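Take a look at this single chain in structure tokens; it is the form solved without the ligand.
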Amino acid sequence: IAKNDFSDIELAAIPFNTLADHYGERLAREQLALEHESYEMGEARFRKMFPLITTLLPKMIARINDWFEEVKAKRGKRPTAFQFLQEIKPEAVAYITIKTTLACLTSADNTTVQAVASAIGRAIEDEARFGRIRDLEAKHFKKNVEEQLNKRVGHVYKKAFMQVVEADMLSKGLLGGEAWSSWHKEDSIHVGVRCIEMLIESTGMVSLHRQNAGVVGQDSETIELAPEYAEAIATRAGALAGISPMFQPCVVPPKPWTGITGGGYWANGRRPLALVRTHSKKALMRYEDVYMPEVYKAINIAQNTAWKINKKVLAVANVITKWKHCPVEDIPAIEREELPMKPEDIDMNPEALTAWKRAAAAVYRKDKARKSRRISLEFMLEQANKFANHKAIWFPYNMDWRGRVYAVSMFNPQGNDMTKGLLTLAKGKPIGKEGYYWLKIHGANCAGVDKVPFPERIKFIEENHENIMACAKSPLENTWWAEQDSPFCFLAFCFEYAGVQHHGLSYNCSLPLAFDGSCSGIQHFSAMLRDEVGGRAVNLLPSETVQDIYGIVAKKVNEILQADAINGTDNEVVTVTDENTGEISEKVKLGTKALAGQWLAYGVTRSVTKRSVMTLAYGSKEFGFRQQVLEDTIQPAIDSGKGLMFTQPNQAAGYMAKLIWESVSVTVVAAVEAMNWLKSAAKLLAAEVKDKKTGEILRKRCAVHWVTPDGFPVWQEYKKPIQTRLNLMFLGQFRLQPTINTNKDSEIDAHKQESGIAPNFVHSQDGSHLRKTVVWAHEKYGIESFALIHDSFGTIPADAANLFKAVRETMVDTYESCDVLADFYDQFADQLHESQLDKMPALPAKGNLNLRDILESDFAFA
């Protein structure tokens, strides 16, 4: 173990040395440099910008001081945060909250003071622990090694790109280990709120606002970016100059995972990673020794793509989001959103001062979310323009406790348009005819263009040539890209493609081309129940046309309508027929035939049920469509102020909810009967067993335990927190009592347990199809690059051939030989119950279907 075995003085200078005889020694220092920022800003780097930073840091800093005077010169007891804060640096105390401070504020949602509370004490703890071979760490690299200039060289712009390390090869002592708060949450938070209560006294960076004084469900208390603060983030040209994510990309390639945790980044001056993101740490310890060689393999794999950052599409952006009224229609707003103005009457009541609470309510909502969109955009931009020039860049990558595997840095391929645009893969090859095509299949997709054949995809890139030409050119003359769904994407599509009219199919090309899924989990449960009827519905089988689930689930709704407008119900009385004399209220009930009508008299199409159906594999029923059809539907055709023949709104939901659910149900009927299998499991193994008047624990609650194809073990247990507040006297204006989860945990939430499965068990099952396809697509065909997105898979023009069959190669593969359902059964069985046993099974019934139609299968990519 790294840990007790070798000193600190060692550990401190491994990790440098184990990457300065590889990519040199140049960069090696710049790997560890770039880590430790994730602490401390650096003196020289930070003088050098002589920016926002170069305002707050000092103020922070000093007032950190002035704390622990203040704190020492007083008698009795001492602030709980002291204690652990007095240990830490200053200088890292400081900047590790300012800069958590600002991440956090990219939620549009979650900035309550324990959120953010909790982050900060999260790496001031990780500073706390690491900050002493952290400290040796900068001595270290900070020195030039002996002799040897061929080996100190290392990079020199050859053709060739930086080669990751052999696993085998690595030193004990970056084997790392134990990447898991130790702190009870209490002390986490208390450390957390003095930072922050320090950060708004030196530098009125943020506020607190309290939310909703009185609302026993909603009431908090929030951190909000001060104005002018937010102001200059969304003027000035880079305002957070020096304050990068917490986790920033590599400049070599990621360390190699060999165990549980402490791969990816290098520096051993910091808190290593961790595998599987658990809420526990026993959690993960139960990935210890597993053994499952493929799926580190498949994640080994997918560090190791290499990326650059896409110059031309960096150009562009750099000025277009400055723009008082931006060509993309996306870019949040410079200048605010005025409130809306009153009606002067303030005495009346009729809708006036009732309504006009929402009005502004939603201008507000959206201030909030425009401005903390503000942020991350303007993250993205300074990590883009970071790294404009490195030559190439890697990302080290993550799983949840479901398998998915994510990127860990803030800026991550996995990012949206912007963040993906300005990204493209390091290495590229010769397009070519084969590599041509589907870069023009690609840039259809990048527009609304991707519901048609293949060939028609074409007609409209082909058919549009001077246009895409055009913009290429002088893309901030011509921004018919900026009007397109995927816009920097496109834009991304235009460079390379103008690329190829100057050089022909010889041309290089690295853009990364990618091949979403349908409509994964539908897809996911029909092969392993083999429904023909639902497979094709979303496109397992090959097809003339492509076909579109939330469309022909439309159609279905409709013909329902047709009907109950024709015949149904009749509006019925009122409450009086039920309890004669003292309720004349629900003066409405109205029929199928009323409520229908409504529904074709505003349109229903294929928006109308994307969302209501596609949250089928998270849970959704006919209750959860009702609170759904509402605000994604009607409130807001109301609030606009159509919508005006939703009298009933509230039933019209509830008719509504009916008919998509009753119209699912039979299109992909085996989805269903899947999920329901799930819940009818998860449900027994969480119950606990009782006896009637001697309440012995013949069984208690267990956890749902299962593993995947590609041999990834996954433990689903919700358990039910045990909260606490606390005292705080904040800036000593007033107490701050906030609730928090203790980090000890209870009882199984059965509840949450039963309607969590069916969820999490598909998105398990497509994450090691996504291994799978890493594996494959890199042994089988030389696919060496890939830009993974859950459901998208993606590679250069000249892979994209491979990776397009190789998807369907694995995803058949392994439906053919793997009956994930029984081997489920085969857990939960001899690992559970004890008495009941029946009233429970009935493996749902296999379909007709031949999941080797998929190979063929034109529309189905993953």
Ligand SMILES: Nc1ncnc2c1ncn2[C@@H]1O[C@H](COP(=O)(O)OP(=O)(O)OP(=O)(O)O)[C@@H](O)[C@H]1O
The other form holds:
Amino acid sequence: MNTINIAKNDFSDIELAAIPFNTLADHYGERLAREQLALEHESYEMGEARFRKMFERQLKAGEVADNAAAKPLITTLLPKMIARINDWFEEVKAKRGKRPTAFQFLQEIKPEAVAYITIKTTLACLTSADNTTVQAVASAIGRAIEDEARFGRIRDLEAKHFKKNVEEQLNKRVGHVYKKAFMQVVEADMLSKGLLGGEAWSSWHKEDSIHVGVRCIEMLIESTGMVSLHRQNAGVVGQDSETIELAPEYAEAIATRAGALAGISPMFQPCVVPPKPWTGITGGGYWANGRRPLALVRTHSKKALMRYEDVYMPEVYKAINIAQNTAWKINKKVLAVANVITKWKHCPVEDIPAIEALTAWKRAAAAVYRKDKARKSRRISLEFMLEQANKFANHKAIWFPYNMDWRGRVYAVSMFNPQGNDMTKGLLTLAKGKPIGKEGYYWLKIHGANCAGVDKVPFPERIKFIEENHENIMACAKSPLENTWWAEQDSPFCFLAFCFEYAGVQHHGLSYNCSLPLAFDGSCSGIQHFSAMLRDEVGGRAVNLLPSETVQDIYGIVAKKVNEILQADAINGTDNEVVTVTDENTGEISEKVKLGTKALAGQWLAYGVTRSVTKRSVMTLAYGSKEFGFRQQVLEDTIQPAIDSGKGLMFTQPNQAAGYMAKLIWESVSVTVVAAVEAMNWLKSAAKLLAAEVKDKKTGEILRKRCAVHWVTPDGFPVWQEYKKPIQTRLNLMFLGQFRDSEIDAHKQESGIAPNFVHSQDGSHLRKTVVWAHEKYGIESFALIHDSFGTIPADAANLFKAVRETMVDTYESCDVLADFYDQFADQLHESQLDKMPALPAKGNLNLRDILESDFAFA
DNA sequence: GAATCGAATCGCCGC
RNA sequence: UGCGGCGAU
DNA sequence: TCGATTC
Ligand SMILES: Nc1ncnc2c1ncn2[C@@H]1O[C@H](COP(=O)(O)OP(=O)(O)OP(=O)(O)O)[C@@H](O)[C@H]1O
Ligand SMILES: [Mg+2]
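Output the form deposited with the ligand bound next; the form solved without the ligand has already been displayed.
Then the entire complex follows, led off by the chain already shown.
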């Protein structure tokens, strides 16, 4: 209802608390302490205003129950409501006479679905509708109950398997009106197939819809004291009305909770002084003692955070503190360019003036619908990044606090950060530059070639590309609005940032102070790291771990492999055959042709397979994708765009072409990156054995409990993997699904063990690289995006060294898979040792060759 | 045990 | 939390 | 397609 303002006492404290002010003043003066504390004050005040506007919107739209402030209320109210409507059924079944009107209607819908639909629509009508009458509420319940009753039988019974293909398309619909209108078309569709038993819904008359909710408000009042009954002008047969009113104690409960949440979600802005050095778990980054302190590790529970207060990880704490100390400044030159073209185009790069029938128009309709959502979503994030960039444009330097996710990858904390998109990366440059010199100018050109998309080509031709395009780079720097060439590039705003620094060198020579971050992006991190542990020679060569004759394109290597299978299958492949295929719901038994590998090879060679067909499949390998997931990928990535554009005529049956290509890609990656495939299988089997509760079937009691997965990275960071699942969840078709120590989810443990392990290794590599570049060399400024390592051009050659030396030091010292085995080997039940796979065999790779690989980049 | 389901992390915006 | 959309890796 | 979860 009426939320307290938290700012009058709580948000004033962060500016006036004298312990945080003094610790900030002692480091960077009292004046910068006053601006920084007032900025963190604005960050909390902006965050309270963000909550109050979203709360006001949910108030008008009746979605107050969807807000977090009403959730713990409804959690303690739902058991009492289900039991009253349950016990009322048993009473009416025992009472003689005719059943009440509502009794038959309340049965077809799930009883827990009654409880939520009544609670949500009561506070929807009591907060937005202004009509507090018992009839407008009770009817509004009854229409919402009939909607879940009528279209719920689609989800529940007569099409539960067929529900799985309409469920996604219903989720894409935005709005309860659009979700219902879509449900009307599917209902008419299945009834034409006789799927819902051939029984069409008889719509409830307006009298019963009120009678359903009237009993529902009564059962709400009988069970809980959420709403109280009121009668006005009693006895007057013309004015006798009944209204309902929210209990003031419960409206006070949501207002107190909403005020508490408003002071808890801030809008994290950059720092005008260097960030608070992390000494412990909390309170780092920002300097003030706020209501939400920054956690060093972003954990989903406060218990998983508490395990980090005992551990001694001095090398971990150093690397975040060094990465915090890197002073950035807003690139004013690209800010001048971005400020004008954003006023003319929605996206400044999206358009540039350069040189089965019914399912098709449905597919194009879903494309312009998603693209309409995509353009409005892309623009609002752009307008915020531009406002933050224009805000801190005049400051001599700004700083970003850093923490880490529960695996150890480091992330900046502020919303505007150097880990953003191409434009956000372009608006941000380092502040403390050095004279560029010969080596820095060389790497500045290599960075400019990478921004243009010329990264598949060895270094001398990258320099040649820049030198050939000298007059175009100079024209873009002199007049960026008159020469749109930089906008046509792959990373356009970061490329234009290079153009300004390139022109600055041609003007002021090699003594030019350049503070541009020069990012070195390692090729495929997970495969690089997986091939490093098990020492895969061919796998490392595929990801440029080895010094190669040229830049190795792993997608092109896999595309080369599938093309060799394609040519062999076009000759010696299987012919076509006719198989009987039955769809179980229809029950039909028809004959369809099954393309053999000879025919399917001829289709794909007619399409012409390149690195683009195999690209996304290789990239999602470290996330766990295998032969199934490739089949879905190549269907929507290459086959479906082909048939939409006029190609794909060779794909007579596209799912057979997808599954055939899926098989072919999987045989190719599995023999190209053998150490990647073997290591994720070893981690998956380890997490499977730990996530299982063992019990002898003749004993029953559990001999071993659900065990989590635990390891420590080589720089000392520990990580607990404990995916947990709730026990009860409920979903509604037209309304949001709401919930009703906890068990470990064995599937998510196995699904996530291999990506999180290799992500923890690359975060340890990024952490170790930051300290090695800072203590062996004099590097102070760091651009870090998990995969990419960037610094000023003068320090670029040394960061190029340090990112290589760390990986070969890490894997020469620690066998990360053998140390992983030493963690869980005690936790294994005696019946599981025979099933546990052995450690994969080490290969012929020399780690020292990484030190002389140009294209590892990292 | 036959039946049934599944096929990485982080942040922002909306419902 | 879930769902939709965007971005980063 | 194929083995873990889950009726
Ligand atoms: N590390 C990553 N993991 C998964 N997807 C990624 C990653 N980096 C980028 N993408 C996605 O890949 C697509 C763009 O591919 P991108 O150009 O970045 O690939 P690449 O590895 O540089 O290859 P190439 O230069 O051959 O195109 C986008 O959908 C982007 O979101
Ligand atoms: Mg690229």
